[PDB]
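Peer 1: Let chain W serve as the given structure and place chains 2, 7 and 5 with the ligands on it in line with the hints.
What follows is the residue order along each chain.
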Amino acid sequence: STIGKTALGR
Amino acid sequence: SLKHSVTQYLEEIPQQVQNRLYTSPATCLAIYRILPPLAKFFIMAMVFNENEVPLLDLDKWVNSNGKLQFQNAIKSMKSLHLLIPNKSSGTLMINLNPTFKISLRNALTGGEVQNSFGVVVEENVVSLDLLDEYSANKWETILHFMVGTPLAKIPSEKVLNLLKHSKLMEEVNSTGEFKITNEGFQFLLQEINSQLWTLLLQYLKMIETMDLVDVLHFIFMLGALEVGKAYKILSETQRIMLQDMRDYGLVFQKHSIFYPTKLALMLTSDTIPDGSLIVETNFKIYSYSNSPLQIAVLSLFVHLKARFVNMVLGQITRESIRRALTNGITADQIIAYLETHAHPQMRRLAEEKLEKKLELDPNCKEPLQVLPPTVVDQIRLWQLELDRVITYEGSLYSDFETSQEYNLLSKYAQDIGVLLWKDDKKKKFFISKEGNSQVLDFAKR
Amino acid sequence: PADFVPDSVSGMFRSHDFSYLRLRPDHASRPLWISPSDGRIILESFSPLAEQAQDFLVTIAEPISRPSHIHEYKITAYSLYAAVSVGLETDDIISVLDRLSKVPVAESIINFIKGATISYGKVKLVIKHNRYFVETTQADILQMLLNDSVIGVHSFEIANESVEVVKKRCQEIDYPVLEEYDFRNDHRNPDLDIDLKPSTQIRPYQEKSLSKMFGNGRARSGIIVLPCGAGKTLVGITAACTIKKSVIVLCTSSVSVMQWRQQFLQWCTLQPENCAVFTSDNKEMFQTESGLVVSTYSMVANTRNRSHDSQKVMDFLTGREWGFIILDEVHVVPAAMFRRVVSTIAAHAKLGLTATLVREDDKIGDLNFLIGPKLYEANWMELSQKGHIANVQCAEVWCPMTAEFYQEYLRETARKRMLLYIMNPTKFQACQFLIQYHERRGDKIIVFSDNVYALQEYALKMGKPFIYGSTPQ
Amino acid sequence: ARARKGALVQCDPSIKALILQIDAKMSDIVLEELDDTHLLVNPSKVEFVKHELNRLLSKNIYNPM
Ligand SMILES: Nc1ncnc2c1ncn2[C@@H]1O[C@H](COP(=O)(O)OP(=O)(O)O)[C@@H](O)[C@H]1O
Ligand code: BEF
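Protein chains in written order, with the entry's author numbering: chain W, 297 to 306; chain 2, 5 to 213, 216 to 239, 242 to 263, 267 to 282, 334 to 507; chain 7, 101 to 252, 313 to 633; chain 5, 2 to 66.
The shape of chain W in the complex, shown without the other chains:
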């Protein structure tokens, strides 16, 4: 479950 990880992007 990937909640706390930083958001995706460039």
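A few of these clues could be false.
[Stated by the list, open to error] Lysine to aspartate or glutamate pairs mimicking EDC-like chemistry, simulated, CA-CA at most 16 Å apart:
id, chain 1, residue 1, chain 2, residue 2
1, 2, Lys-488, 5, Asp-13
2, 2, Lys-488, 5, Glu-34
3, 2, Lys-273, 2, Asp-461
4, 2, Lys-367, 7, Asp-342
5, 2, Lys-484, 5, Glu-53
6, 5, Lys-6, 2, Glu-447
7, 2, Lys-235, 2, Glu-447
8, 2, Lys-489, 5, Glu-34
9, 2, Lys-157, 7, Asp-107
10, 2, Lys-484, 5, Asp-36
11, 2, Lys-487, 2, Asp-449
12, 2, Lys-484, 5, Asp-24
13, 7, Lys-443, 7, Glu-433
14, 2, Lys-484, 5, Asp-29
15, W, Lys-301, 5, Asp-13
16, 5, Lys-51, 2, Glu-496
17, 2, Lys-488, 5, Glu-33
18, 7, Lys-222, 7, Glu-235
19, 5, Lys-6, 2, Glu-428
20, 7, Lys-404, 7, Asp-346
21, 2, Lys-487, 5, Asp-13
22, W, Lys-301, 2, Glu-428
23, 5, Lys-51, 2, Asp-439
24, 5, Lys-46, 2, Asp-439
25, 7, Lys-587, 7, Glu-564
26, 2, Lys-488, 2, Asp-477
27, 2, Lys-489, 5, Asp-13
28, 2, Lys-367, 7, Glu-235
29, 2, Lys-484, 5, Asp-37
30, 2, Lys-488, 5, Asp-36
31, 5, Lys-60, 2, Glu-447
32, 7, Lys-404, 7, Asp-342
[To be verified] Partial list, computed: chain 2 residues near chain 7 (C-beta under 10 Å):
id, residue
33, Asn-23
34, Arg-24
35, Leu-134
36, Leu-355
37, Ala-368
38, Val-374
Simulated from the structure, these hints should not be mistaken for lab results.
Just so it is clear, CB atoms sit at the ideal spot from N, CA and C, and this is done for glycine as well.
Peer 2: The following block gives chains 2, 7 and 5 with the ligands in isolation, referenced to the frame of chain W:
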């Protein structure tokens, strides 16, 4: 945490009071049971011999493997001042407390005990019909009022005063209401034994000017008493204390004789399920519980939709989770409640899922999650939604004559942990309101 | 609810507390809880008698939600109207409901079942030489139907266009109509001898769906709901091959229409000579006595402008009295104009095949008087765990809108805001990463997009083929 | 050497833009822009911007009845 909590309280008490606390064997027989197994082994050895035993002799008993346990046992035994270290003739001799020693000897060998365990009126009452009903209802009232569910008969001011004065159930006159807190849900998450010790421990700290030892002479003695029998009536402080204890569902009184209850014996030592619930991927809840306590606590973070005699069915929603979070209930506690109150069907299916995962690849051992991960993720995400906007109270510092001064003041704020943001280019920084005065004072000097 | 003390927590349940009734001694075995007010049914799928009820419940109650463990059904008028057709009377429903319920069935629920379960079985609509006769088996009905304000052994004619009125009228009045076909005794319509070749393997749920249709021996008109990819095509083929009469198929696409003919040829012994595909490309019709037509709604529901080539074919369809109609994707038949085909085309049996039976408007219920009740439904997870359909790990990626794009989203209106949040670069990156990751895994990917401008932009950026409405077949 | 009482708002681009829009409609909200993740806001408006922003975000969330 049970023995840890009771032991921890007994350590902080000054030594001068511990010596007086061991005069009554009833208390000694209770404090003896809480120590680690090795501590009890050594204590029993020293009780019957009137001599002094060197510490090295105690060390010889323990095997090499169990050497670590010998450190905790001696530390815990010395903290309560039960074991007095006397050094003479070049040897660190070890002896047992004379008052503790005599009390234990009296308890085991049936010596004069000064009614430490009480007396018997030999007028028994029915345990199942009355004692179970009385304290279950009395304990039900305090928990119902704790959960916030409406209830007809509110408890007396004594426990109400205790509830508010504790971290449990924060209240505000401006709000005009009482609501549960982070520790509140934790308290409701604890077994009956610890649920009772929290209130009794808080009562111990609340009282002022009633001796501290007397309030312990009653609680520990109350454990010695056996349910379903009479005990005639003791210290003066133990009278009002007895009536005060009557409001927590510990002792039942017809109106000269008091009767301990199931919870009274539940204090000394330890000892489909009701409360088990099913959570689906549709965010539904089906609780196999018939008890207003469980229903009320479920209502903290569940939108109840209907009930039957055997079960209760509701739905998890954003409104309910937000309502619980606003009260200080952490999502980690919520999932703990769901996991520890999970239906056997969820456990069996989760085990099968793990078995299939290990069947294909036994290299990795995935954690056994009883309930679906989507619900946990959604609950945590809603917690993040509450944490989206971040705001601090403080001041912004600007218009610095010199970079040195800006770095000096900002670095000082960082050192004392009151700096929240800074920018070297603009020579600006923001510090919390808590550290404002310290930064101002440092600036002047 | 007499002399029943409320509980201190009863306030949280607003008139929904059902503790006024007591639990039966055999609660541990019985799997059903029944809501005396809302009609909801809670089913334990992990207890004995779970399977015996999972099919009985599907007949009398439409399913609301069927998660892993605890299923939730609900009894409504239409669900009962679906169960009343296949040889079911009030007594059987009440008996089983009581026998499966942990709690006694309340009087309110009994009242609801009694009201709607007695209507079935006294009016029959028959067709003869493209003429529709509302034939009734008793004389008393004349004083009801002929005296009805809307209408207009005894049998009387009725306008073909007016079928959609009387059938709905029959619902309001006591007796609703049933469309049953005794294809065994029908000799006037030329037969077509087609059968399933031995290589076929009729799966269990397909047999169950057909049994709910041919249970009595006369084909019932209705709807069959099976998950996507469950094999609804073979269900329709089997129905055509067992009725053994001229059949017409309506499908809402040109690619899909081509799919049906290839499937019909492959699974049964339908000779190619008797199959005619009426699409925008080719319009020739079979001249053999009995044959098959696979067409589309757009080519059959049109009213104003039909070409000369497409006018002869439509007359060919209308002139003959067909024996079976297969409405693929029947969730679109109750639309404003598509429903007209159900009236114009003459047929004694109507079947509906759709994985999803839902629409935004309230026209879904109109299917009852257009083609009949819902015969059978199938679970999705049940077929998934049995290997009949694939398992899918559904996911929802959160691509946070970049700062630059987001600012415009605030000011722009609703209609353009859509194009704005469909083309944010982060979505391009996520799609590109997933495509590369799954392609390395040897997977065949499909990228859907209702917006065509984004579809073309994505395709030309990634050098991949794309399809949209302007594409020749 | 100059102190200025206020509230330091830490947030992400999306929340930052919404606060700016609220500040444009009501001028007093934002006292100063610090960085792409920090804003200085008026103390009296902290309890209002926090409450108003949730109302705006409620449109993006589908609450079933
Ligand atoms: N009994 C069966 N034997 C073999 N293949 C089958 C069977 N039933 C269905 N299929 C296959 O399932 C797939 C989907 O069939 P289709 O009729 O298009 O499903 P639906 O119309 O329900 O979406 C096709 O590849 C078809 O050949
Ligand atoms: F994809 Be199928 F026609 F449900």
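Peer 1: Does each hint fit the structure? Answer for all of them.
Peer 2: Results of checking the hints against the structure:
1. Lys-488 (chain 2) x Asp-13 (chain 5): 21 Å, violated
2. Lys-488 (chain 2) x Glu-34 (chain 5): 11 Å, holds
3. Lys-273 (chain 2) x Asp-461 (chain 2): 70 Å, violated
4. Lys-367 (chain 2) x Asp-342 (chain 7): 48 Å, violated
5. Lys-484 (chain 2) x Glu-53 (chain 5): Distance ~28 Å between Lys-484 (chain 2) and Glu-53 (chain 5) Cα, so the pair is violated.
6. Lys-6 (chain 5) x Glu-447 (chain 2): Roughly 27 Å separates the two Cα atoms, so the pair is violated.
7. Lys-235 (chain 2) x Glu-447 (chain 2): Distance ~56 Å between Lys-235 (chain 2) and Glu-447 (chain 2) Cα, so the pair is violated.
8. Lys-489 (chain 2) x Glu-34 (chain 5): Holds - the C-alpha atoms of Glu-34 (chain 5) and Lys-489 (chain 2) are around 14 Å apart, at most 16 Å.
9. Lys-157 (chain 2) x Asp-107 (chain 7): 13 Å, holds
10. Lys-484 (chain 2) x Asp-36 (chain 5): Measuring from Cα to Cα gives roughly 10 Å; hence the hint holds.
11. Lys-487 (chain 2) x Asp-449 (chain 2): 29 Å, violated
12. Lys-484 (chain 2) x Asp-24 (chain 5): Outside the cut-off at roughly 23 Å; violated.
13. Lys-443 (chain 7) x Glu-433 (chain 7): 14 Å, holds
14. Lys-484 (chain 2) x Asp-29 (chain 5): Not OK: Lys-484 (chain 2) and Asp-29 (chain 5) at ~23 Å, beyond 16 Å, violated.
15. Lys-301 (chain W) x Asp-13 (chain 5): 15 Å, holds
16. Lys-51 (chain 5) x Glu-496 (chain 2): 22 Å, violated
17. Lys-488 (chain 2) x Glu-33 (chain 5): Measuring from Cα to Cα gives roughly 12 Å; hence the hint holds.
18. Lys-222 (chain 7) x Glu-235 (chain 7): With Cα atoms ~10 Å apart, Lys-222 (chain 7) and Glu-235 (chain 7) stay inside 16 Å; holds.
19. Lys-6 (chain 5) x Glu-428 (chain 2): Judged against 16 Å, a Cα distance of about 51 Å means the pair is violated.
20. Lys-404 (chain 7) x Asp-346 (chain 7): The hint holds at about 11 Å.
21. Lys-487 (chain 2) x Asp-13 (chain 5): 21 Å, violated
22. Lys-301 (chain W) x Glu-428 (chain 2): 19 Å, violated
23. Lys-51 (chain 5) x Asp-439 (chain 2): 24 Å, violated
24. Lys-46 (chain 5) x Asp-439 (chain 2): The given pair, whose Cα atoms are some 32 Å apart, is violated under the 16 Å limit.
25. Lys-587 (chain 7) x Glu-564 (chain 7): Holds, at roughly 14 Å.
26. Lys-488 (chain 2) x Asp-477 (chain 2): 21 Å, violated
27. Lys-489 (chain 2) x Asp-13 (chain 5): 23 Å, violated
28. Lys-367 (chain 2) x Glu-235 (chain 7): The given pair, whose Cα atoms are some 49 Å apart, is violated under the 16 Å limit.
29. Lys-484 (chain 2) x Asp-37 (chain 5): At roughly 13 Å apart (the allowed maximum being 16 Å), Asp-37 (chain 5) and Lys-484 (chain 2) satisfy the hint.
30. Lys-488 (chain 2) x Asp-36 (chain 5): Holds, at about 10 Å.
31. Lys-60 (chain 5) x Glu-447 (chain 2): Roughly 14 Å separates the two Cα atoms, so the pair holds.
32. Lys-404 (chain 7) x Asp-342 (chain 7): 12 Å, holds
33. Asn-23: 48 Å, violated
34. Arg-24: 45 Å, violated
35. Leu-134: Check failed: Cβ of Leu-134 (chain 2) comes no nearer than 20 Å to chain 7, outside 10 Å.
36. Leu-355: 9 Å, holds
37. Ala-368: Holds: closest Cβ of chain 7 sits about 4 Å from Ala-368 (chain 2), inside 10 Å.
38. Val-374: Nearest chain 7 Cβ about 9 Å off; hint holds.
Violated hints, listed in ascending order, are 1, 3, 4, 5, 6, 7, 11, 12, 14, 16, 19, 21, 22, 23, 24, 26, 27, 28, 33, 34 and 35; each of the other numbered hints is respected by the structure.
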